[PDB]
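Listed next as structure tokens is one chain, alone, in the form solved without the named molecule.
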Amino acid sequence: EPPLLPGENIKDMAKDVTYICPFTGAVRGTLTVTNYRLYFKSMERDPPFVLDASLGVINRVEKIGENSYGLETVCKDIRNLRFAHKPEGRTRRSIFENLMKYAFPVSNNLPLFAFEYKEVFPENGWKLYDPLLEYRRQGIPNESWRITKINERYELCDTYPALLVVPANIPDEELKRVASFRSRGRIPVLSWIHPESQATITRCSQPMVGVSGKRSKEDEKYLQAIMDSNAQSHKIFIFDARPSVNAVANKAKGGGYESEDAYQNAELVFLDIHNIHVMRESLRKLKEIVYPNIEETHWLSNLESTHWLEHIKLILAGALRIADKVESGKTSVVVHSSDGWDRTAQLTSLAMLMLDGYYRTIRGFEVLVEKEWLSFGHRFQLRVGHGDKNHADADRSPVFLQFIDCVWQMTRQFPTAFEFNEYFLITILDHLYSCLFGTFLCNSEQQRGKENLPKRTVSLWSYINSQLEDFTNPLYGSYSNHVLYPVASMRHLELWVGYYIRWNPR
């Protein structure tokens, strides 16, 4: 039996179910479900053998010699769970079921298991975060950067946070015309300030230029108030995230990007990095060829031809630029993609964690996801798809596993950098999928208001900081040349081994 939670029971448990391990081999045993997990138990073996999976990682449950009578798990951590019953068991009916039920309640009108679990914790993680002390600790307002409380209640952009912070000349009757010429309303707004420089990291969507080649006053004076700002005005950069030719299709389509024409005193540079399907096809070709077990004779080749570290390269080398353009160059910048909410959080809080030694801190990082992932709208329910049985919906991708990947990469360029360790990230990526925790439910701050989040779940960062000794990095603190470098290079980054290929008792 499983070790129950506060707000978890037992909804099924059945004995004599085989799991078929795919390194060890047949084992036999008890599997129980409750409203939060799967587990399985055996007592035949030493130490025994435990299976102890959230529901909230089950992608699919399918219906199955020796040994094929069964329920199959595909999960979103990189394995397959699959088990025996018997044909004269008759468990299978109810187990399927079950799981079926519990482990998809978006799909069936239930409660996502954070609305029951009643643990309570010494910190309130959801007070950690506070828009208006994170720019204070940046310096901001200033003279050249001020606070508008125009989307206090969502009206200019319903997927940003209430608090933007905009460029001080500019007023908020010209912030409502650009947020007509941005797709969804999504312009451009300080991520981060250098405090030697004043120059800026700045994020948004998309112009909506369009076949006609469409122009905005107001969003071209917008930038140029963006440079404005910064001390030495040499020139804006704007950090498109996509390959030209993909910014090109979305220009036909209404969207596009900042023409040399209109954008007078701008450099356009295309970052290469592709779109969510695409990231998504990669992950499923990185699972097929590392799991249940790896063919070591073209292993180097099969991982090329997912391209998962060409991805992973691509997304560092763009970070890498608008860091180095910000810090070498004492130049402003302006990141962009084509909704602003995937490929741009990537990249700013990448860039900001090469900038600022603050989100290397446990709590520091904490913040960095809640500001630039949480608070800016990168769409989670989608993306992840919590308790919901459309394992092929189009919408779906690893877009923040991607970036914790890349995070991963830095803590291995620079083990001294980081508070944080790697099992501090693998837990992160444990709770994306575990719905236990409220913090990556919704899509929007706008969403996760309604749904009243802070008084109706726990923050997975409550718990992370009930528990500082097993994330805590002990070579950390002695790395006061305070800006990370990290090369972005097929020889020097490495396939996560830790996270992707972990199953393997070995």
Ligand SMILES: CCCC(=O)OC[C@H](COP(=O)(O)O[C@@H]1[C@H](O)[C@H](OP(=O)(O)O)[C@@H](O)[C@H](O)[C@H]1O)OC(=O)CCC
The other form holds:
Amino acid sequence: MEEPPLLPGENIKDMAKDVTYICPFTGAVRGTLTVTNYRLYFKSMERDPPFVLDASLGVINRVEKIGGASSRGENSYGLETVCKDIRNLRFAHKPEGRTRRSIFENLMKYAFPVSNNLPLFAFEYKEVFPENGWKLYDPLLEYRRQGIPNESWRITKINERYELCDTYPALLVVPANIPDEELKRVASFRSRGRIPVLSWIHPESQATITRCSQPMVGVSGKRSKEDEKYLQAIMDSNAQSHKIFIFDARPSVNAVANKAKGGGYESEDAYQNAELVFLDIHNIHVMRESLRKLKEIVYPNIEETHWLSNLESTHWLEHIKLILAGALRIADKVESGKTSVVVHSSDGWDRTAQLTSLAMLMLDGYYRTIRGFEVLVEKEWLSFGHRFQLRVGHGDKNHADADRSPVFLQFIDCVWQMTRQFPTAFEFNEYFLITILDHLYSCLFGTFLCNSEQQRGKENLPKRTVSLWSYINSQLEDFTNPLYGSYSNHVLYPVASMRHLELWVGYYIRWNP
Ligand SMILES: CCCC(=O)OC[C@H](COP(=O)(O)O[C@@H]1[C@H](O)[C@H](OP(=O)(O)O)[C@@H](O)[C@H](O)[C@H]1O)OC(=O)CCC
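So that was the form solved without the named molecule. Now I'd like the form solved in complex with the named molecule, please.
Time for the whole complex; same chain goes first.
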């Protein structure tokens, strides 16, 4: 009865009878706690419908022991799982029941398989679907859709074996007149060899969106004649504007600080035909801290009296605002400015991925379809080396790792904001976005594992794991926006202000009924 449902490949690893779950909203409820290789399940027939708590082990970052027998209090002895999904779960065990240690140990083992030399559930998950999500994204075909390779832009195979840049995809689009040996020189000037490459091209103006990492200028004004020519080549392809725009996602202070560490930005002297703009979007450590502050004000209980000022102090929505405002500036420079833009950050993987993809969503209605959005994720995030496994910490017990940051979560939040402002512009619904966020942590699928395309290939995820798109695409009805259709040629111009943006209740505050 209180036994959990099981996915093909899932197994019960431990079970504790008469454990009390301390629900923050309804109160204590005694039932059975079960741990599988995929989830934590709690069910009690001591209510009606039975009470059911079902969470993927992947959302657990920590597990803490609460009390000892040296605790006389009612439900003072037990466990608490701190979760990535904007909650914490607290259970109470009876010392004489001798279940706490066992549950604690099995949780530490199965929620953090990587740390315990076990596989992530995605490799054990053996269900089969009608569609194969791994066949969804085809680089060459996406470029074709964009009218890519052409006269101005060619496809180079120089990174066919990730020699040029190992955090980059295999195929890269660069200016038709720039030879590979030259790409190699630009690569030594750009951080981690993440040179400027095409993300999107306007079908009418030929203004483009390129992306890259910061130029290694350093404390002395080191210049790269080839990088300068490369950017000039980017500009010479767009026959319109007599200038290019470089959007550095960082606040100026951080760009200057990077220069001090060896990196930097494109100066007015070195890049004569480029205008650089700082977008004031802070780093991963700042975003991690903003979410931490938000979780503490939304979960368990909100203090309504100071909601607005408490929300303000998190600076969550301010970050969302700066990210959307930056994407907006990029889209507008390309669309109404007919100007090409180069987008970067320090590393070019985090903020840069947020910026290109959001601008792209505004500009191209294709990315607003369910399949096109899946392509966008596979393209700008996965193939371009947003370090997913490190930013999420899949199956790793090191909860304090400073590499963990809600970068993709912020992106999805921004997508949801547009979805609110344009209720008929997207083919997918909110449920689709929340589902993506749940599986970002679940590790049921192989879609968000590994930190680069090269890694996913070496680990052969297409053949060893199931794609999230396989699940989603073979089951559309749930993720389709019924209002969709009344748009999708035109550019989206969301408004980025503290008065037009909201806190995504459906996601951050979904645990209270
Ligand atoms: C030096 C002592 C203090 C210290 O740790 O400074 C670190 C700074 C980090 O600079 P930041 O831009 O403030 O911070 C970086 C960005 O958040 C980057 O994202 P994105 O792709 O959006 O750029 C993350 O991937 C990096 O892990 C993070 O370090 O980097 C540098 O100074 C230059 C690196 C060559």
